[PDB]
Amino acid sequence: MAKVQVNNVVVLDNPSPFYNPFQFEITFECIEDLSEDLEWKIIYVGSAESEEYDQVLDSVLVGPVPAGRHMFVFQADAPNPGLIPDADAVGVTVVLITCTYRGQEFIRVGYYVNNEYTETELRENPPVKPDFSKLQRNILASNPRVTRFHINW
Amino acid sequence: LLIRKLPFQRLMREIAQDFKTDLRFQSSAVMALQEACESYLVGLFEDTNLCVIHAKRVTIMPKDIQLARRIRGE
Amino acid sequence: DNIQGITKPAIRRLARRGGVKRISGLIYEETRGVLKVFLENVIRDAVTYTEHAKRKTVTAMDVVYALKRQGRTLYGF
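Those protein sequences? They're chains Y, D and Z, same order as listed. Everything in the first sequence is counted per UniProt numbering, starting at 1 for the first residue and increasing by one. Everything in the second sequence is counted per UniProt numbering, starting at 61 for the first residue and increasing by one. Everything in the third sequence is counted per UniProt numbering, starting at 25 for the first residue and increasing by one.
Treat the hints with caution; some may be incorrect.
[Stated by the list, open to error] With a cut-off of at most 25 Å between alpha-carbon atoms, the simulated SDA-like pairs for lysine to any residue come out as follows:
id, chain 1, residue 1, chain 2, residue 2
1, Z, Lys80, D, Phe79
2, Z, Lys32, D, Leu110
3, Z, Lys60, D, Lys116
4, Z, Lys92, D, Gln69
It should be emphasised that the hints constitute simulated quantities derived from the structure, not laboratory data.
Model the full assembly from the supplied sequences, consistent with the hints where possible.
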């Protein structure tokens, strides 16, 4: 019933510095030739408190998509720290890979992301304002949350 | 079932009245909603534990529940 | 009013089942909030399966298909 099936996602170049781009290897399948657009997004949850601090890092619009198995490396620049609240910068947050067909999000792949300092001093005495240049990003690649939604194909 | 039936049913009736005063449920539907809510909350807490294992924090905080909700699209 | 559907001991048990060792006092409210929203979203989609289907008693299957509508979260591929 669903025209697109997402087979696998691999988190590449992880762990990495905060400023490093996100890299995901996405493998999906089209049962039929797609006449509408397929749009992939990477969204960074800057703040768990509010959706308004989401950063859409990149968007890949594909169309028309021929039937079969497709694989590609979705790469997106690291989020803008100037829009990240200090309280949320260090610790656990979420990154999301969304796919939409005809403007309807049918799959959301979520990863928890732990941004930590590597120098033990900064871990014992974290700077008052987060120093993103010394934050390592650990994408918890072993615990993806794959949520699928019913849409009209 | 970890959530007792009567208070949960009372909350369901209150929500139903907030939507339609003339509304009614079924025993099987009540139990099904109980199982759904229990599994949903347990999964959320599993995510919170995943969050708190990776943080020097040991107690789970509302931030972990918000993160568990955002990862799922709610 | 302030009507709740889940008790504090129940919330502690649910978090224990999730592997949670310790719970902040603010968790009780937070869970109680999330649950409310969750129920609001399910019951809504259940009522449509009852009111648009010309019935006054919500059977279990109405809830089953509303839950299917809500969207399934898996832990892998």
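Against the structure, the hints come out as follows:
| no. | hint | result |
| --- | --- | --- |
| 1 | Z:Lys80 - D:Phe79 | holds (14 Å) |
| 2 | Z:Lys32 - D:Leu110 | holds (22 Å) |
| 3 | Z:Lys60 - D:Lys116 | violated (30 Å) |
| 4 | Z:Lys92 - D:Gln69 | holds (21 Å) |
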